[PDB]
Amino acid sequence: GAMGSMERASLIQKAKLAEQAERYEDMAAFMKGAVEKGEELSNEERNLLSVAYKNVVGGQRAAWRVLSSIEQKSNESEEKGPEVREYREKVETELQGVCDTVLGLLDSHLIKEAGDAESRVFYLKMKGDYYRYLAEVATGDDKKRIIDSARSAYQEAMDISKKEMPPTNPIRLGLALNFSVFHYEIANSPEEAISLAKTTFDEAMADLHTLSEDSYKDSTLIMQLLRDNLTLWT
Amino acid sequence: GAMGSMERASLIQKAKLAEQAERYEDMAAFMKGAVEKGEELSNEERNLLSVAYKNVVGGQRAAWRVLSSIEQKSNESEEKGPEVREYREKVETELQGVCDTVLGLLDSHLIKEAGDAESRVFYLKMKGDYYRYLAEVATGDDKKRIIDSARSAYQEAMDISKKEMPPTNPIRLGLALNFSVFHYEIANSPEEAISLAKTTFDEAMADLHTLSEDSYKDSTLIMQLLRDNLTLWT
Amino acid sequence: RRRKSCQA
Amino acid sequence: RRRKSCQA
Ligand SMILES: *Cc1ccc(C(=O)N(C)CCS*)cc1Br
Ligand SMILES: *Cc1ccc(C(=O)N(C)CCS*)cc1Br
Ligand SMILES: [Cl-]
Ligand SMILES: [Cl-]
Ligand SMILES: [Mg+2]
Ligand SMILES: [Mg+2]
Ligand SMILES: [Mg+2]
Ligand SMILES: [Mg+2]
Ligand SMILES: [Mg+2]
Ligand SMILES: [Mg+2]
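Residue numbers (my numbering), protein chains in the order written: chain R, 1 to 234; chain F, 1 to 234; chain U, 1 to 8; chain S, 1 to 8.
I should point out that these hints are in silico values taken from the structure, not numbers from a laboratory. Do not take every clue at face value.
Said to hold, decoys possible - Which chain R residues face chain F? A few, computed with CB under 7 Å, are given here: (1) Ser10; (2) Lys14; (3) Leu17; (4) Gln20; (5) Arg23; (6) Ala63; (7) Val66; (8) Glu83; (9) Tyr87.
All C-beta atoms in this analysis are idealised placements derived from N, C-alpha and C, irrespective of residue type, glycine included.
With the hints as extra help, turn the sequences into a complete structure.
Put into structure tokens, the structure is as follows:
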């Protein structure tokens with residue numbers, strides 16, 4: 001694409017500069033260019049890809065929620081015309097485009113070349129996340145299939161992570177956190193969400209004794225997010 | 001442009017929605033479309049135009065400062081290649097484009113149709129601001145002319161505001177605040193900056209007795225910004 | 001209080 | 001502490 005003429009290493013360097021400057025759209029464009037070079041990504045590069053797109057889509061999701069709230073109130077109210085719906089639809093279409101872009105990178109060809117557990121689980125978690133973001137805005141006849149695509153990606157990631165990673169591994173923990181959120185607020189399964197968060201937390205607790213001080217800090221940080229959700233949900 | 005097919009009132013409505021959603025790039029595009037309808041702007045519409053572009057350019061300026069700092073440190077240091085300069089230049093060019101867009105709207109044709117003091121001073125202040133932002137990044141042979149363009153716009157705004165507005169008027173106060181910053185950090189005239197801030201503050205203080213409670217709150221808020229700068233600079 | 005997902 | 005200009 002527009003990054004085809006830039007060296008892979010320069011794209012990575014510029015993605016890191018864009019992160020420092022809080023230019024997340026640029027960051028994502030640089031990392032998309034890096035992925036499209038066709039080589040596998042290192043751990044650090046996968047993290048840069050994730051940070052970039054999660055910030056871009058996070059801004060879109062927050063804006064969509066503001067606009068959706070205004071639209072819902074308008075349908076309680078004076079007729080103000082089509083503008084609120086039109087603008088919510090504009091933001092929604094942009095958000096869906098970003099999700100489709102990330103899913104396209106995962107399908108062409110990040111997932112199929114990812115053989116180590118850490119990379120494969122990471123990419124499958126990402127796939128579940130971006131289908132989950134599509135599900136947040138889906139209202140039509142494909143909503144069930146979008147939800148099932150998220151579930152299927154998360155489930156494959158969970159199966160690999162349980163077999164190949166320790167219960168304190170940060171990717172395993174972040175995956176479980178996000179799949180639990182999927183259950184709670186996408187799949188209408190709050191009991192499954194709570195069970196998954198509690199079991200994940202307790203199994204990580206029992207494995208903390210094996211860790212260095214730095215790994216302990218990494219794992220306990222995510223465990224606290226699981227606890228935050230359990231406190232909110234119970 | 002791309003907004004030529006949307007009704008003026010719908011552009012204004014969507015600009016307000018974009019503000020609520022913190023979508024300032026969309027906000028600015030909507031307000032540019034509204035200006036290009038060719039009608040004069042109301043007080044509220046001028047404020048929407050200002051908010052939109054100040055947020056867009058503010059993000060660019062903050063990113064430029066981060067990148068410029070990194071570049072300066074690199075020129076103390078290992079050779080890392082052209083990437084830092086290239087990316088700082090990319091952000092700089094985008095910033096200059098936004099400034100040129102705003103200046104273009106002011107020249108075609110907001111300023112020439114603005115006859116009331118409140119609108120004319122507001123637009124001339126804006127013109128000074130966007131030349132000031134160009135001056136922040138200027139390093140070449142036009143830097144002196146860019147600085148003089150900012151000075152000239154601010155000076156015309158000051159002359160009108162002194163003749164036609166009370167010393168507590170928020171536009172007069174915000175203009176003086178920004179012109180004082182221009183003196184301090186663009187024109188290398190800290191004494192002029194301090195004198196302007198002090199005289200503006202003291203003349204506003206003396207006129208507060210004429211104001212309602214709500215106008216008093218409006219004016220004292222800006223007076224505090226002048227005081228903040230005086231405390232920093234003295 | 002919004003529920004947490006994996007961010008930073 | 002960064003100097004103030006007219007913002008919000
Ligand atoms: C996929 C993923 C898992 C874990 C992290 C992480 O260590 N965090 C502290 C973020 C909260 S889960 C990041 C990512 Br991306
Ligand atoms: C041009 C301008 C003047 C004054 C205000 C204002 O009342 N503020 C509170 C912002 C700080 S000066 C806004 C604008 Br735009
Ligand atoms: Cl729209
Ligand atoms: Cl670049
Ligand atoms: Mg190469
Ligand atoms: Mg491989
Ligand atoms: Mg293993
Ligand atoms: Mg019309
Ligand atoms: Mg007129
Ligand atoms: Mg008057």
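Those earlier numbered hints the structure runs against, lowest number first: Of the numbered hints given earlier, the structure breaks none, since each of them holds.
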